[PDB]
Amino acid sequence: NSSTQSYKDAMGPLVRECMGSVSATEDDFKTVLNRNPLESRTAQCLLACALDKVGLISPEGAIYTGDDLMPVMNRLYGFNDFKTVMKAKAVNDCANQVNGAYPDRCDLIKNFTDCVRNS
């Protein structure tokens, strides 16, 4: 499956770059790479670091929306599949839902990813 693979292709190196900063283990890498629920702070912080690296997080620590989300979606998935259209909408709506509520980017990413999973 294409979206699972492309996500891993783009994020894997970024997650690896981020591991030391949050004292992540290999299992934490795998949690993030597999898009599993982020039920430890370390996993939450590792993904947040990697999403900052991929360009999803603004200077004021918010999740990008609208046009600013597009380069990230093109990097992670591209738009060969219609489900990515729906994912883009979900990511945009979820970003609007959680922005403002979580100064800490790990908490932001926890609540963001919960939203997108349940969307």
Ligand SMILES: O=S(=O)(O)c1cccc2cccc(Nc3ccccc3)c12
Contents of the next structure:
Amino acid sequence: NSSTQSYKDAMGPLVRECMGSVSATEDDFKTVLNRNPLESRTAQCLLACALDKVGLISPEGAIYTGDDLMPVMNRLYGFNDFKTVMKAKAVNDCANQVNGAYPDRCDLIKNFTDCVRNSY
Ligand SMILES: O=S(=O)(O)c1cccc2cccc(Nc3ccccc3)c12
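Now that we've seen the form solved without the ligand, could you pull up the form deposited with the ligand bound?
Up next: the whole complex, starting with the chain shown before.
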């Protein structure tokens, strides 16, 4: 497990809906809910679908940055935890780092999530 209950509360319903449009396993559901490394391509695609639903992805398939991140951070985590809120900097930087670089949508999300995980 690598996620808070807040993350699961926000993402769970979306990931569930995504199971209907992505050919992912029940283990993949757990991987994604737990914010674990997305080893399987199915898990990468499952999160990609849910992050689109949560408002993190632009119409053009880019990960949002700056102000456009804030509604997502609020939905996932609220604003009461200093460490989590400050992590928005790493999320913004990682989004800038990966955007444009991965034509495959699931690859974009694998690399995004890895970058965020590697960030202190
Ligand atoms: O979760 S954190 O890295 O704490 C995070 C912290 C603060 C704001 C965030 C905004 C969007 C996505 C995140 N993360 C995320 C990470 C992996 C998969 C899906 C979303 C944000």
